[PDB]
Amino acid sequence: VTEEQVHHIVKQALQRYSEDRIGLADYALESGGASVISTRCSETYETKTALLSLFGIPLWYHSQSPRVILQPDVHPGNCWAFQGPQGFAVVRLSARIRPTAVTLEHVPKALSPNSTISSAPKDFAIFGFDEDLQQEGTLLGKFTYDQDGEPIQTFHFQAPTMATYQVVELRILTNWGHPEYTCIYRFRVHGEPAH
């Protein structure tokens, strides 16, 4: 190839990188209008390590809330944790859409002590609801986060149905073997808008 070709390859490459890395709109991004429901969706793993205080006196232990799973920031610790290997999380998307794919990501191995990431979700499934609250929602896909793959992993539904949704569940069924908890860094939802 010629130098000219290389620059174009790089430009294109850098451009895709700056489009939230994967280049697909995220109907689950919080700032874009997505929100977590809380009342529906798992209890946060309680730790009591991080004590924040001002002007001298202790205030409270902060612990990451479920909403960080919809927040772009994914440095180590920027995850939401829950007790054990199985867990609920439920999003109201910023718009009603036909869900075509989802994206899950974890912190890179290379940035993790001992280059292991045992608190990464393993098998998961996506349910879509079309009214909010409970009745139990349509299964849309049952995937597996590869701990030996890249950190951002996109999963395209094998032949999804045409029905549209605004509420969805992320259900983590197992993790990669951490004894105490499971950290979830960022969860993305893509689809064709109801327009």
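The term rigid core refers to the maximal set of C-alpha atoms that superpose within 1.5 Å between the two forms. Positions refer to the first chain, counted from 1. Compared with the form deposited in another entry:
- Candidate set 154, 47, 164, 44; criterion, C-alpha shift of 2 Å or more between these two forms after rigid-core fit; matching residue, 47.
- After superposition on the rigid core, displacement of the C-alpha of residue 130 between these two forms stays below 2 Å.
- Superposition of the core reveals a Cα shift of 2 Å or more for residue 58 between these two forms.
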The other form holds:
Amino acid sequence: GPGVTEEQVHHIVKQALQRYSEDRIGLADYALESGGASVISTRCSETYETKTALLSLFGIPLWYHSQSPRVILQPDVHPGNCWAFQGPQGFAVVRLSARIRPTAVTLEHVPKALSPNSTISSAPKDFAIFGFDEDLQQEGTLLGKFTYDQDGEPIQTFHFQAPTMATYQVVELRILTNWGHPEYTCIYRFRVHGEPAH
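Now that the form deposited in one PDB entry has been shown, please provide the structure of the form deposited in another entry.
For this one, just the chain is written down, with no partner chains and no other molecules.
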């Protein structure tokens, strides 16, 4: 009718929070490390230490460990909890927790509001996703190319345009450019969504 009652607001809020709590976007993530996914270390850009100027000019904390490629499969995305590689090109290969037909990926970066100077120049920009249908993964099939938009929302999801029904258990994230940081690109979290067996 006219406007909205206090009661329907409560319902809209409760539902929005329930969606928020389903890993924000409500899609199963077959790349999530705790769900059984892993990175193929041997098939990943070399890790770049972003905290150099502090690891030298102040020390190596005793509990301190470099952010490795598995970090992209981990949901903590507080500032710094990103895997960094050198320069604007890099890739990681992920073995998914199940064989799936892939329909979408998600990439997120730390929000501008939480970065120095509100810029995120080390965020990835253009990237592509490849599926490897065999384990002895030499030949990649392009599943899609996309751009992470630095003026968009921190979490962005990308739907493959008309996928085949091919299924895959190993996928690569291949970063083609960044948002212009001259030293490295930082990846906060990469997710892979699709349809499993049965």
